[PDB]
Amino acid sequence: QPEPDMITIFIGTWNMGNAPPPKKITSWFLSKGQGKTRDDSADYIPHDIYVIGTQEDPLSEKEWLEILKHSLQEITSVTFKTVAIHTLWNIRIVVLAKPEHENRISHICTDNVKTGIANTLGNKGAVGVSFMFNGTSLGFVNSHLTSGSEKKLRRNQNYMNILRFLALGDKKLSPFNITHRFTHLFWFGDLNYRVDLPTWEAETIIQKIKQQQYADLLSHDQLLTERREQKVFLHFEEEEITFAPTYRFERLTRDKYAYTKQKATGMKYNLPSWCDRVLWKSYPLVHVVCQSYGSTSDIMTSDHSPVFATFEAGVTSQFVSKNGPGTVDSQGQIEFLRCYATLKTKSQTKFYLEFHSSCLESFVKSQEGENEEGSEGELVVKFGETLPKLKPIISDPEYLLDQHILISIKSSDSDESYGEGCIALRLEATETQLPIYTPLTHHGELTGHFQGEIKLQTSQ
């Protein structure tokens, strides 16, 4: 029975509003309702992996697992295996997988981050799960960020704390945060960004929603506008939104948005907003295609509607040759020519590189580059033709062209990373000098660039 080249992943995010769910929630897992919905002809076809993020979840892990496994069994006639479950307060992530995948999944990790200090510490944060699926690393984050239309900067701060401190994936990747540790990273939840229009426009907003005219609302969505200004979620993707705002509904119908200020809201307005979101980030030139992104119309116990997203995601096998794992394959090599890092730092220490990859026995440290000043004031770290020749464990091009090299540029003085990025080996040619490029980030913020040329030798 062959190993897969592609799987499908369901992502769900639902703020349950501290109320039990209704008897039937199958529409969520079927990607039915509003937006980009799944074809009816696919209803019996199980996804390979289901990742379910809840916020304001009143249920025990046991009670929710029961409901989820029953719902999928009813849809698919498959009994799904629990990969992981992790709860922080009322923020929960469940990962279920087809039973045929139980021996494909390893290195399962869970973690949580609590956001804010004292007053703002005690209900907002994130939970996460990671694991390996054969040769592919998968990460999943469910975050409940700060609420309130006036708090987009706090939401962005919450994102940066979660990014920095959530401990998932391979601990040997020490310079790298969750935004570089996974082939595919999915980040979802009640991100709590709002439609930033005047509160006196509430009824106008509601009439735009009733007409399914979202353009003038999305142009004021704080997550889209903060992403456009590179304030948050740098280098993540989101599918176009074609569903109505998922918040804030009167419970037990979807006919009414409840937006007016009340004692229960802290005398805040809740203009209709896309609070509930799914974003992703995959390594360069890995297949990932959003197949659905929408909200359910028939699950009405919460003041939020559930959001679904589905993906086709490229995966790779657990490659074994006669040589690696356990030794190098003399036929393989990775060379770097005419490379330099451009950094935004005002500091003047020496820098070196670290190359990290699953295709290497362990990470490689370069010698120091040569600092020059750039035209427009910046630091240019020149590596020229000085970078090491990397020795992959396997030389087979069917393995090696599917790999990636993570790069960290580190201060010689402090050994701290000033920038992280990733280079795909999915090249147009082997034995040929080709341009390479990655942006460099630190704490998820742009710090510079790395560019130069690569030359890849495979056994072909």
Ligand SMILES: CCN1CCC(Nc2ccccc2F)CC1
Second form
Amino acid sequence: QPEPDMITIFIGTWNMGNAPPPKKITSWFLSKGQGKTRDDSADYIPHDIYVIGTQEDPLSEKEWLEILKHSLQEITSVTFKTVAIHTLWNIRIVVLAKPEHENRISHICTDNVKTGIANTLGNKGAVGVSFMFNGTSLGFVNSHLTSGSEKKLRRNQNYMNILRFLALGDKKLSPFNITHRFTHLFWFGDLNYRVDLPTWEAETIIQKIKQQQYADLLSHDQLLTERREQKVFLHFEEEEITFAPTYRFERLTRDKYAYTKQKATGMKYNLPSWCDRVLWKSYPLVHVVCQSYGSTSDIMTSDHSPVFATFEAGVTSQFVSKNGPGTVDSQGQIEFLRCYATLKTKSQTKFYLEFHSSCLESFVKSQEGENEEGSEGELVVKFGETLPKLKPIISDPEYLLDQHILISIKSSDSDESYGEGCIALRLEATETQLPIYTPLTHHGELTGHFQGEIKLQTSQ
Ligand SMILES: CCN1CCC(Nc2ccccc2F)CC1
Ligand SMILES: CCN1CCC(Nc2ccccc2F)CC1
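Having displayed the form deposited without this ligand, please output the structure of the form deposited with this ligand bound.
Below: every chain and molecule of the assembly, starting with the one above.
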């Protein structure tokens, strides 16, 4: 049986509003309802991996697992294996996979982050799962961020705390947060960003929703506007939204948005909003295609509607040669020419680079670069032609061209990373000087750039 070069991944996010689900939730896993929906002809085709995020989940892990497995069994006639389940308070993530993938899946990690201090610590945060699928690293984050239309800044801070402190993936990648540790990272949940229009416009907003005219609403969506000003989710993607706001509904129908202020809401309006979202970040030049993004119409136990997203994701095999793993392939090398980092730092320390990749036996430290002044104030760290020659474990181009090099620029004085980025080895040519580029981030904020030239030698 050949190893796959593609898998499909189902991502679900549902704030259950502390109510048990209805007897049937199959529409969710079939991507049926409003938005970008899945073709009927695919209904019997199982996804390879289902990742279910819930918020305000009132069920035990046992109760929810039984509902999910029995749901997928009804749809597919396949009994899915439980990869991982992790719960923080009422925030939960479940990863289920087809039984044929059981021995393709390894290095399963779970973690949580609690957001806020005192008052604000006690029910918001994130849970996550990572694992290897053959040669491909996969991360999944389910976050329930701070609620309320006037707290978008608090949501942005929650995001930064989650991506700083969630401990998933390969701990040897010590300079890198979860936004660099995975071939494919999916981040979903009740992100709680609102449509920021005046309260007096509520009935107008409802009108627009009934006409399926979402354009003037999405232009005020706080997640889209914060993302466009680079305040949150920098270098993440989201599919176009073509489904009605998923919050806040009267329960047991979808015909009414319950937006007016009530004692139960802390006297806060809940204008119709896209609270419930799926975003992703994959390494450069890896295949990832969103094939559905929508909401269910028939699951009405919560004041939120479930959201689904499905993806095709490129995956690689667990490569063995005569040489690597367990030695180098002297027919392989990665050289860096005319390289320099540009940093927004106001500091003056020497800097060096670390190169991290699963194509190397271990990470590689460079010599210190040469600091120069940029013409517009910037620090420019010149490496020129001084960067070491990287020695991959496998020289076969069918392996090496599918790999990536993570780069950290570190202070010589503190050994703290000032910027992290990623370079694809999926080059237009081998044995050829080619431009490379990555933005550099730290705690998910832009800190600089790394650019130069690469020269990749493979066995071919
Ligand atoms: C040989 C590696 N090994 C394979 C099984 C894996 N566990 C697992 C994978 C997928 C579904 C359910 C599971 F329990 C733990 C590590
Ligand atoms: C170079 C890739 N990049 C270009 C388009 C950009 N678009 C965007 C950013 C923030 C909010 C809404 C958006 F549509 C996102 C990805």
